[PDB]
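K.L.:
Chain by chain, the residues run as shown.
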Amino acid sequence: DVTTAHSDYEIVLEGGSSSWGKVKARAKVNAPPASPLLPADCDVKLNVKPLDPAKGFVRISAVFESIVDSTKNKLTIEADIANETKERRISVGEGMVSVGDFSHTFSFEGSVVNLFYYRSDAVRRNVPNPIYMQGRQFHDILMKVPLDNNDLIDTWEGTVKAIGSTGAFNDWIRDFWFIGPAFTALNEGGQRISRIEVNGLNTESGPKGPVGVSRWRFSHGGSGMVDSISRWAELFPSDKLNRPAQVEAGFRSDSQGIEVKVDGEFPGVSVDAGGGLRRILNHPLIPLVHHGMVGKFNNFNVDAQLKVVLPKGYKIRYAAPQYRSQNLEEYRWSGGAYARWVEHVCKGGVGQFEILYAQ
Amino acid sequence: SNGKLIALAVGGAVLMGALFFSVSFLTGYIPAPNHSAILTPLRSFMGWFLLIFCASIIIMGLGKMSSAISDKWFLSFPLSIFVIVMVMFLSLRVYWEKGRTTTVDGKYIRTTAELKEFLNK
Amino acid sequence: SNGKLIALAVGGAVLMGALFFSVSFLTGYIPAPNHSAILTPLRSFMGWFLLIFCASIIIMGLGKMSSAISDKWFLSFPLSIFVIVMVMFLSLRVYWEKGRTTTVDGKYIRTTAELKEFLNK
Amino acid sequence: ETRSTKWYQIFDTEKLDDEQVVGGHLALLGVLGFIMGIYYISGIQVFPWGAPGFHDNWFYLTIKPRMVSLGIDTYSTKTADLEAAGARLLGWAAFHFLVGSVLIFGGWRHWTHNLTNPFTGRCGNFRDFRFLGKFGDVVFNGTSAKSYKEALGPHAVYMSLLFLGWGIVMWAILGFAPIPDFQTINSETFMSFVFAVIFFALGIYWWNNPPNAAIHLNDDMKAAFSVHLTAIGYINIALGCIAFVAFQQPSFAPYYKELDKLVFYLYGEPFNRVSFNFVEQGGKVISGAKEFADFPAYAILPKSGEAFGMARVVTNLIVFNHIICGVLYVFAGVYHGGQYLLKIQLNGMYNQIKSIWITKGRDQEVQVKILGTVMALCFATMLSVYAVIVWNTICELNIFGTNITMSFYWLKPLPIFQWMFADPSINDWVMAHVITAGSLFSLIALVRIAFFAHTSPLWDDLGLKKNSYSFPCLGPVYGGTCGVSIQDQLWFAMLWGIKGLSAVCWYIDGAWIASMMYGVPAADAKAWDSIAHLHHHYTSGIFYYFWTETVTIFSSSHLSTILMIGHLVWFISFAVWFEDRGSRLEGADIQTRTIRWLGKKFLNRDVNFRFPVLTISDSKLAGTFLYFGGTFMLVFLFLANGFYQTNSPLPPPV
Amino acid sequence: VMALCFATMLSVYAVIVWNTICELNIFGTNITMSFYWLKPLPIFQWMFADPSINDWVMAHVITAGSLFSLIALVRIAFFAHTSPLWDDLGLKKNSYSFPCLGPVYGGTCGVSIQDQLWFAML
Amino acid sequence: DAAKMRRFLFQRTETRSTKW
Ligand code: BCL
Ligand code: BCL
Ligand code: BCL
Ligand code: BCL
Ligand code: BCL
Ligand code: BCL
Ligand code: CLA
Ligand SMILES: CCCCCCCCCCCCCCCC(=O)OC[C@@H](CO[C@H]1O[C@@H](CO)[C@H](O)[C@@H](O)[C@@H]1O)OC(=O)CCCCCCCCCCCCCCC
Ligand SMILES: CCCCCCCCCCCCCCCC(=O)OC[C@@H](CO[C@H]1O[C@@H](CO)[C@H](O)[C@@H](O)[C@@H]1O)OC(=O)CCCCCCCCCCCCCCC
Ligand code: SF4
Ligand SMILES: [Ca+2]
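Residue numbers (the deposited numbering), protein chains in the order written: chain A, 8 to 366; chain B, 5 to 125; chain C, 5 to 125; chain D, 55 to 708; chain E, 428 to 549; chain F, 42 to 61.
Calculated from the structure, these hints are not laboratory results.
One or more hints might be untrue.
Unchecked claim - Taking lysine-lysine pairs in the BS3-like style, the calculated list, with each CA pair at most 27 Å apart, reads:
| no. | chain 1 | residue 1 | chain 2 | residue 2 |
| --- | --- | --- | --- | --- |
| 1 | F | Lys45 | D | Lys520 |
| 2 | A | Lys268 | D | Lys69 |
| 3 | B | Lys68 | D | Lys315 |
| 4 | D | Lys200 | D | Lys188 |
| 5 | F | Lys60 | E | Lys520 |
| 6 | D | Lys423 | C | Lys8 |
| 7 | B | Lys125 | D | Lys315 |
| 8 | D | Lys132 | A | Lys31 |
| 9 | A | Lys314 | D | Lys188 |
| 10 | F | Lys60 | F | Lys45 |
| 11 | A | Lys354 | A | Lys35 |
| 12 | D | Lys397 | D | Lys276 |
| 13 | D | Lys423 | B | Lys120 |
| 14 | A | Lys268 | D | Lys580 |
| 15 | D | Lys200 | A | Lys322 |
| 16 | A | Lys52 | A | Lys35 |
| 17 | D | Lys315 | A | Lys35 |
| 18 | B | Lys102 | D | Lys315 |
Throw the hints in and build the complete structure from the sequences for me.
P.N.:
In C-alpha cells form, the structure reads like this:
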C-alpha cells in the first residue's frame with residue numbers, strides 16, 4: 008500500500024557576523040532506486056582550505072569512491088578556485104578517473120563567466136528575497152590527459168576522426184555528455200546546454216608520454232531555476248572561509264532501498280534577511296527539481312525530524328511551517344505541516360520553508 | 005477448474021452414493037428398529053462423503069492461504085480467528101447444549117456431598 | 005590400551021563403589037528385614053556396574069567381530085552360534101529351573117479338568 | 055543469500071522497525087483482552103436472567119481459582135450467590151472488550167505510523183515525546199528514550215506505573231486493603247505498592263545512567279529480542295516451578311483445594327445414554343429406555359471433584375503450561391540469537407565486538423572445552439541415572455535371579471535436600487538427576503547453535519562454511535552432512551527436550567520414575583511401597599503409566615478423540631523426517647503425469663496439477679511441528695484425565 | 428497402481444473413521460448412522476465365519492495395504508537406473524545403495540532401490 | 042592433522058566398497 012521514509016536533520020549556527028553552520032542529515036528509504044544497475048553504493052568527500060585572505064584563493068578537494076554493480080569507480084579532483092571579478096571565476100586543478108582496471112589522470116586550466124540578462128534597481132528595491140534570477144554561464148576548458156593507455160589513444164584518434172568527418176559534432180556531443188536520464192534532467196530544471204566549441208585538439212609531448220590536449224569552451228542558460236546561475240556569489244563563500252570547511256556524505260542502494268549519511272560544516276548556511284534579522288539560506292531548487300525525477304515512483308509515508316540549534320540569545324521571530332516543539336536553545340520540527348512539506352519537497356516540490364532568527 | 009472438472013466430482017459423488025444404496029438391497033442386512041431400508045444406506049453414505057469432502061476442502065483451503073498471506077493480514081487474520089472462536093463458544097450454548105446440567109424437577113447439584121447423597125438414593 | 009588405561013577403568017569403578025557405599029550411610033535408609041546395612045549398597049552397586057560393563061563389552065565385541073568376519077568364519081561362526089543356544093538350553097534346565105514343576109507331594113497337572121479340580125482342593 | 059519470502063517469515067524483525075514492533079505488541083494485547091473476556095463469559099455457572107449457564111471448560115478452570123481469589127468468582131453452592139458472580143464476569147468481560155478495542159485502535163495507527171488524534175488535531179512524534187504530559191516532563195527532563203539502553207529507565211517506570219495501578223484496582227474495585235501479612239490476598243496489594251516503589255526508583259536510576267552492558271544489542275532488533283526470549287523462557291520456567299509449590303500451600307487452600315468439593319460438568323464428558331429404540335416426546339419419554347433416569351436425555355453427567363482430584367489437575371495444567379513454553383522460549387532465544395550470530399559472522403562484525411558475551415567464546419579452543427564439558431557431564435549423568443532405573447526395573451521383575459532387595463530403594467536425596475520434597479524417596483533422587491541429564495542433553499544442541507552457527511571445528515577442518523541457518527545438508531559428501539544448520543540443531547533441542555519435558559508430566563501426575571515397571575501384577579512391582587516405606591501410592595511405573603492413566607481416557611468420548619488425533623498427527627512427522635525426500639519428489643512426478651494422463655483420456659480438455667513436495671528444510675520444519683504438537687497433544691490427556699496418586703501405600707502381596 | 432491404492436485407502440479409511448465417529452457420538456451421530464449394514468456380498472460370504480463389517484474392511488485393508496507397498500516395488504522394477512523425473516533432471520542412478528544426491532533440487536533423498544526396499548518394508 | 046582425519050571419513054564413505 009504505502010512505503011515509509013525515516014530521516015533526521017540538524018543545523019547548528021554561531022552568533023555575530025559568522026555564517027558558519029553545522030549540518031547533519033541521516034535518511035533511510037524502503038523503495039528500490041531508479042538506477043537500472045544495483046547494488047550501487049557511493050561515498051563523497053569535499054574539503055576546502057583557504058590559501059590566502061587577500062587573493063581570495065581556496066583549495067577544494069573531492070573524492071568519489073562508488074561501487075556500481077561490483078565495478079569499482081573512483082573520481083578524484085584537487086582544484087584552486089578564486090574570485091577574479093563579479094562575473095568571472097578562474098580555477099586551476101588536477102584529478103584522476105579510475106573504473107575497474109582502467110584509470111586516466113587530467114589537468115585543467117578553466118574560467119567560468121556568469122552574466123544576468125538584466126540588472127534592475129526596481130526589482131532589487133521591490134523584492135526582499137529574490138528567488139529567480141535569469142542568467143547564463145560560459146566555461147573555458149583546457150583539458151590535459153596523458154595518453155598512457157592503448158584505449159586512451161584510440162578514444163583520442165576516434166575523437167579526432169569523428170570531428171574531421173562529422174559536421175554535427177558540436178550538437179551530437181550533447182547526446183554523449185549527458186548519458187541516459189541526465190539529458191532529460193536538462194529540460195526538467197529549465198536549463199539549456201548550448202553547443203560546445205572546440206578551440207583546439209592538439210597532441211603535445213609531455214615528459215611521461217604523448218598528451219592529448221583539448222581547449223574547448225561552452226555555455227549554458229538558466230531560466231532562473233538553476234542555482235549556479237541564480238546564486239553565483241552564494242555558492243562560493245571563499246572570503247568567509249576563516250577556517251577549513253568539509254562536507255562528508257555517502258549512500259548505499261540496492262533492490263531494498265537507500266541508506267544515506269551526510270555531515271559537515273561550511274559558511275553561507277545563514278544569510279542576512281533585512282531589518283537586523285538572520286535567516287537559513289534558501290533551499291537549492293536544482294536538487295529538489297532533480298529528485299522529483301526519481302522520488303515520484305513509490306507511495307511512501309514520511310518520518311522526518313529536523314533539530315535546529317541557534318546561538319545564545321538568538322530566538323526565531325518567524326517560521327512556516329512552525330516548529331512542533333521548542334527546547335531551550337534548540338527548536339524541533341516533526342510531523343503535521345513539516346512532514347507535509349517533506350513529502351512536498353521529496354517529490355519535487357520547491358515550496359518555501361522560512362526561519363527568521365534575530366538576536 | 006471449470007465445467008467438467010467440477011462436473012466430474014459431483015458425478016463421482018452421486019455414483020458412490022447410488023452404489024452404496026444399491027449394494028444394500030442385496031447385502032441382506034437386518035435394519036435397526038424404527039428405521040427405513042432406503043434411509044440407512046443414504047445416511048451412511050452422506051457421513052462418508054462429508055468426511056472426505058471436509059478433508060479435501062481443508063487441504064486446498066490451507067494451501068490457498070499459505071501462499072496468499074502477508075503484512076496486510078496482520079490485523080484481519082487475528083480478528084477472523086477470534087470471530088471463529090467466538091461463533092464456536094456460542095454454538096456450545098445455542099446448538100450443542102442448552103443450559104447447564106439440571107434434573108427432571110429442575111433442581112441443581114453443585115456439591116460432592118449433594119452428589120454422594122444423589123448416588124445413594 | 006595398557007597400564008593406566010585399564011587401571012583408570014578399574015580404579016574408577018572401585019572409587020565409584022565406595023561413593024554409593026558411603027552414600028548409603030549418608031542416606032540413613034531403613035533397611036529391608038534380614039538384610040545387612042553394609043550389604044544393600046554393595047549388592048546394588050555390583051548389579052549396576054555389571055549392567056554397564058556388559059553393555060560396553062557387547063558393543064566392543066560386536067565392533068571387533070563385525071569387520072573381522074571373512075570366508076574362513078564360514079564354518080566356525082555357525083558352529084559357535086549353536087554353541088551359545090546349546091549351552092543356554094542346558095543352563096535353562098540345569099541352573100534356571102530344575103524339572104517341569106510338580107506339586108509339594110510330587111503330583112503333576114496337565115489337564116484343564118485337573119486344573120479346574122486341583123484349584124478347588 | 056537464501057530466500058526469506060516464506061509465509062512464516064512475513065513478520066520477521068528484518069521486515070519491521072521499532073515503531074512497527076510497538077504496534078505489533080499492542081495489536082495483540084488488545085486481542086488478548088478480547089480472549090480474556092471470552093474466558094470470563096464461558097465461566098458463568100448461571101445467567102443473570104436465571105437461565106442456566108455454561109458447562110465447565112478447561113479454558114476457565116485454569117483461571118477459576120484466580121477469579122475466586124480476587125472475588126470476581128465465588129465457590130458458593132447457592133444460585134443466589136452464583137447469580138451475582140455471573141453479573142460480575144459479564145462486567146469484566148465487557149470491560150476487557152472495551153479496553154481491548156482501545157489497544158487494537160492504538161495498535162493499528164501505531165502499525166501504520168499514523169499517530170493522529172481527532173480531538174487534539176495534533177500528530178505525536180515517536181522519536182521524542184513528553185510522556186503523559188507534565189508527569190514525564192518532571193521525571194524524564196522533558197525527553198523520551200532514544201535507544202533500547204535508554205528505554206530501560208522509561209520502560210522500568212511504565213512497570214512501576216502498571217503495578218501501582220493494579221494495587222489501586224484491588225483496593226478500590228476489589229476491596230482488598232494492603233495488609234502486609236503473607237497468608238491473605240490482601241498481601242498482593244501491599245506488595246503491589248512495594249514493587250511499584252522499587253521499580254520506580256530502579257526506573258529513574260536507569261534513565262539518568264543508561265546501561266552499557268551488551269552495547270551491540272542496541273544495533274540489532276533480533277539480538278535484543280533473542281536475549282529477552284532466553285530470559286522470558288527462564289522466567290516462565292520459574293513461574294511454573296513457583297506455582298506448583300504455592301498452589302498447594304495451606305494459604306492457597308480456599309482457591310485450589312476447594313475445587314475437590316465441587317461437581318464439575320466438563321463438555322465432551324460421559325452423558326446420560328439412551329436405547330437404540332428411543333423416541334423422546336415433549337411431556338415424557340415413550341417406548342424408549344434411557345440410562346440413569348435422573349437427568350434429561352443426552353445430558354452431561356456429574357463428576358466428583360474429590361475422586362477426579364481437580365485441585366492437582368488444575369495445578370498441573372497451569373504448572374506444565376508455563377514450563378512447556380518456558381523451555382520453548384529458551385530454545386527460540388538461542389535459535390533467533392544464533393540466527394543473528396550468523397549475520398555478524400557473514401558480514402564479519404564478530405571479531406570487533408568487545409562484549410564479553412561474544413568475546414568470551416571468540417576462540418574455538420574454549421568452544422570445544424565448553425562443549426566437551428556439557429557433553430561429558432551429560433554422559434556421566436544420563437548413564438548413572440539410566441542404569442539405576444534399569445537396575446531397579448531388573449531387580450523387581452526378578453530378571454537374572456535378582457530381587458527388589460538388591461534394587462536402589464536405599465538410595466534417596468541427601469538430608470540437606472530433603473526439604474525440597476514432601477515425601478523423600480528414590481523417585482525423588484532419580485527425578486533430580488533425570489532433569490539434570492535432560493537439561494545437559496538438550497543443552498548440547500544449544501551450545502552448538504551459540505558456537506557453530508557459521509563454522510565448526512570439523513567444517514573448518516573440511517574447508518566448509520554454513521552460509522545459511524536453514525540449509526538441510528551439503529549432499530552425501532564425506533559420508534553425509536545432514537542436520538548441520540542451527541535450525542536443525544533447534545529441532546534436535548526440541549526433540550531431545552521431550553524427555554525432560556516428559557519427566558515433568560510423569561513426576562507431577564504422581565507416577566513412579568525410579569523403575570520402568572511399578573505396580574504391575576508381577577514378581578516385585580507391588581513390593582515398592584513397603585520396601586522403601588513410601589507414604590504415598592504412586593499411580594504407576596514409566597511403562598504401566600500408559601495402561602492405568604488411559605482407563606479414564608477410553609471412558610471419555612472426547613479425551614479418546616484427542617488420543618486418536620494426537621497419534622495421527624505424530625506419525626505423519628515420519629513421512630517428512632525420514633530421508634525419503636528424493637522419493638517423494640519422484641512419486642509426485644508420477645502422480646502429476648498419471649493425473650494428466652487420466653484427465654486427457656477421460657475428458658476432451660486436458661488439465662494438469664503439477665503436485666508439489668516440501669523441501670527437507672521445509673520438511674524438518676513440518677516434521678518437528680507434527681512431532682512436538684502430536685507428542686504434547688496427548689500429554690494433555692495424562693494431566694486432564696485426573697490426578698490418581700493416593701496417600702495410602704500398598705502392603706507386599708506375598 | 429497409485430490410483431487404485433488411493434481410491435481404496437481413502438474408501439476404507441473413511442469407513443473406519445466414520446464408524447469411529449458414529450460409535451463415539453461425535454457431531455451428534457449414533458451408531459445407527461454407521462456402516463454396520465455393510466458386510467461382504469453373499470457370493471463371498473463362504474470365505475468368513477459370521478461375516479460382518481469387520482470382514483468387509485479387512486479385505487479392503489489388505490487390498491489397500493498391498494497396493495500401497497506395491498508402489499515401492501513397481502519403482503524398484505522400473506526405476507532401478509533411471510526414472511521419468513531423473514531423465515528429466517538429466518541424472519543417472521549409478522548405484523543401488525546411494526543415499527541422496529545432496530540438497531540440490533529441493534533434495535533427492537531415498538531415491539535408490541535399496542531405499543525403495545525400505546519404504547516397502549516400512 | 043586434517044589429512045589423517047580425512048583418511049578416516051574416507052574409510053567410511055557412501056561410495057562402492059566391501060561390507061561384512
Ligand atoms: C552543475 C552546474 C554547472 C556547473 C557549475 C559550476 C560552478 C558553480 C562553477 C563551475 C566552475 C568550473 N566548471 Mg562547471 N558546471 C557544470 C559543468 C561543467 C563541466 C562538464 C562536465 O560539463 C565541466 C568540465 C566544468 C568545468 C568547470 C571548471 C573549469 C570550474 C571548476 C570545477 C571544479 O573545480 O569542480 C570541483 C570538482 C568537484 C567534483 C566539485 C563538485 C561540487 C558539487 C557540484 C557541489 C558541492 C558543494 C556542496 C553543495 C556544498 C559544499 C561546501 C563545501 C565547503 C565544499 N563544468 C554545469 C553545467 N562550474 C567553477 C568556476 O567558476 O571556475 C572558475 C565554479 O565556481
Ligand atoms: C517454534 C520453535 C521456535 C521458533 C522458530 C522459528 C522459525 C523456524 C522461524 C521463526 C521466525 C520468526 N520468529 Mg521464532 N520461534 C519460536 C518463538 C518465537 C516467539 C515467541 C512466541 O516467543 C517470537 C515472538 C518469535 C519471533 C519470530 C519472528 C522474528 C520471525 C517471523 C515470525 C512469523 O512471521 O511467523 C509467522 C507469522 C504468522 C502470522 C503465523 C503464526 C505465528 C505465531 C504468531 C507465532 C510466532 C512464532 C512462531 C514460531 C513463528 C513461526 C511459525 C513457523 C510455522 C515456524 N519466535 C520458538 C522458540 N521462528 C522465522 C524467521 O525469520 O526466523 C529468523 C523462521 O523462519
Ligand atoms: C493488557 C491486555 C488486556 C488484558 C489481559 C489480561 C490477561 C492476560 C490477564 C488479565 C487478568 C486480569 N485482568 Mg485484564 N487485560 C487488560 C485490561 C485490564 C484492566 C485495565 C486497566 O484496563 C484491568 C483493571 C484488568 C483487570 C484484570 C483482573 C480482573 C485480572 C487480574 C490482573 C492481575 O493479576 O494483575 C496483576 C498485574 C500486575 C501486577 C501488573 C504487573 C505485571 C508485570 C509487569 C509482569 C511481571 C511478570 C514477570 C515476572 C515479568 C518479569 C520481567 C521483568 C523483570 C518485569 N484488565 C487488557 C484488555 N487480563 C488475568 C486473569 O484473568 O487471570 C485469571 C490475566 O492473566
Ligand atoms: C495503552 C495505550 C498504548 C498506545 C496506544 C495509542 C493510542 C490509543 C493512541 C496512540 C497515539 C500516539 N502514540 Mg501510542 N500507545 C502506547 C505507547 C506509546 C509510547 C511509548 C513508547 O510509551 C509512545 C511514545 C507513543 C506515541 C504516541 C503519541 C505520540 C501519539 C499521539 C496522538 C494522541 O492521541 O496522543 C495522546 C498521547 C500523547 C500525546 C503521548 C504521551 C502520552 C502517552 C505516551 C500516550 C499513550 C497512552 C498511555 C501510555 C496510557 C496509560 C498507561 C498507564 C500505565 C495505564 N505511544 C501505549 C502503551 N497510541 C495516538 C494515535 O495513534 O492516534 C491515531 C492515540 O490516540
Ligand atoms: C554416589 C554419588 C552419585 C550421586 C548421588 C547423589 C546424592 C546422594 C544426592 C545427589 C544430588 C544431586 N545430584 Mg547426583 N550423584 C551422582 C552424580 C551426579 C552428576 C554427574 C553427572 O556426575 C550430576 C550432574 C549430579 C547432580 C546432582 C544435583 C541435582 C544434586 C547436587 C548435590 C549433590 O550431588 O550432592 C551430593 C554429592 C555427592 C555426595 C558427591 C558427588 C560426586 C560427583 C557428582 C562425581 C560423580 C559423577 C560420576 C563420575 C558419574 C559416573 C559416570 C561414569 C564415568 C560412567 N549428580 C553419583 C551418580 N546426587 C542431591 C539431590 O538433591 O538429589 C535429589 C543428593 O541428595
Ligand atoms: C459400493 C462399492 C464399494 C465396495 C464394496 C464391496 C462389496 C460390497 C464387496 C467388495 C468386495 C471386494 N472389494 Mg470392494 N468396494 C469398493 C471399492 C473397491 C476397490 C477400489 C479401490 O476401487 C477395490 C480394489 C476393491 C476390492 C475388493 C475385493 C477385495 C473384492 C472384489 C469383489 C467386489 O468388489 O465385488 C462387488 C463390487 C461391486 C458391487 C462394485 C465395485 C465397483 C468398483 C470396484 C469401484 C467402485 C467405485 C470406486 C470405489 C469409486 C471411488 C473413487 C473415490 C471417491 C476416489 N473394492 C467401493 C468403495 N467391495 C467383496 C468382498 O469380498 O468384500 C469383503 C464384497 O462383497
Ligand atoms: C496416514 C499416513 C500417510 C499417508 C496418507 C501417506 C500417503 C502417501 N505417501 Mg507416505 N509416508 C507415511 C505416511 C503416510 N503416507 C510415513 C509415516 C512415511 C515414513 C515411512 C511415509 C513415507 C513416504 C515416502 C517415502 C513416499 C510416500 C508417498 C506417499 C504417496 C503415494 C501413495 C499414493 O499415491 O496414494 C496412497 C493412497 C492415499 C494417499 C489415500 C489417502 C489416504 C488418506 C485418506 C489420506 C488422508 C488422511 C490424512 C491423514 C488426513 C490428515 C488429517 C490431519 C488431522 C493430520 C501418498 C500420498 C510416496 C509419494 O509419491 O510421495 C508423494 C513416496 O515416495 N510415503
Ligand atoms: C527440557 C530440557 C530439560 C528438562 C528440564 C526442564 C523442565 C524443568 C522444570 C522443573 C520441573 C519441576 C516441576 C514442578 C516443580 C516441582 O515438582 O517441585 C516440587 C518437588 C517435589 O514435589 C513433590 O512432587 C511429588 C510428585 O511425585 C512427589 O511425590 C513429592 O515427594 C514431592 O515432594 O520437585 C522438586 O523438588 C524438583 C525436582 C528436580 C530437582 C531439580 C534439580 C536441578 C538442579 C541442578 C542443576 C540442573 C540444571 C543443569 C544445567 C542445565
Ligand atoms: C505387505 C502388505 C501385505 C501384508 C501381507 C498380507 C498377506 C495376507 C493375505 C490376507 C489373508 C489373511 C491371512 C489369514 C487367513 C485368514 O484369516 O483367512 C480366514 C478369513 C476369515 O476367517 C475368520 O477370521 C476371523 C478373524 O476375526 C473372523 O472373525 C471370522 O469371521 C473369519 O471367518 O480371512 C479371509 O477370508 C481373508 C480376508 C482378506 C481377503 C483377501 C482379499 C484380497 C484379494 C484381492 C486382491 C488383493 C491383492 C491386490 C493386489 C496387490
Ligand atoms: S537424505 Fe536429506 S539429509 Fe540425508 S544427505 Fe540427502 S539431502 Fe542430506
Ligand atoms: Ca493421570
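K.L.:
A separate judgement is required for each hint: does it hold in the structure or not?
P.N.:
Tested hints:
1. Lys45/F <-> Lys520/D: OK: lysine 45/F and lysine 520/D at ~23 Å, within 27 Å.
2. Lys268/A <-> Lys69/D: holds, 21 Å
3. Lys68/B <-> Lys315/D: violated, 50 Å
4. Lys200/D <-> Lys188/D: holds, 19 Å
5. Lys60/F <-> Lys520/E: Answer holds: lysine 60/F to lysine 520/E is near 20 Å, not above 27 Å.
6. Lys423/D <-> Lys8/C: The given pair, whose Cα atoms are some 23 Å apart, holds under the 27 Å limit.
7. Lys125/B <-> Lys315/D: Distance of about 19 Å is within 27 Å: holds.
8. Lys132/D <-> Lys31/A: Not OK: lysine 132/D and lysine 31/A at ~73 Å, beyond 27 Å, violated.
9. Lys314/A <-> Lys188/D: Cα-Cα ~22 Å, so holds.
10. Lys60/F <-> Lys45/F: With Cα atoms ~22 Å apart, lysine 60/F and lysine 45/F stay inside 27 Å; holds.
11. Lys354/A <-> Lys35/A: Measuring from Cα to Cα gives roughly 16 Å; hence the hint holds.
12. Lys397/D <-> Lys276/D: Judged against 27 Å, a Cα distance of about 11 Å means the pair holds.
13. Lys423/D <-> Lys120/B: Outside the cut-off at roughly 64 Å; violated.
14. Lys268/A <-> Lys580/D: Status violated; Cα separation ~77 Å.
15. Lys200/D <-> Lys322/A: Holds, at about 26 Å.
16. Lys52/A <-> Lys35/A: holds, 20 Å
17. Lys315/D <-> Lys35/A: violated, 64 Å
18. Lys102/B <-> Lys315/D: holds, 25 Å
When each numbered hint is compared with the structure, violations occur for hints 3, 8, 13, 14, 17.
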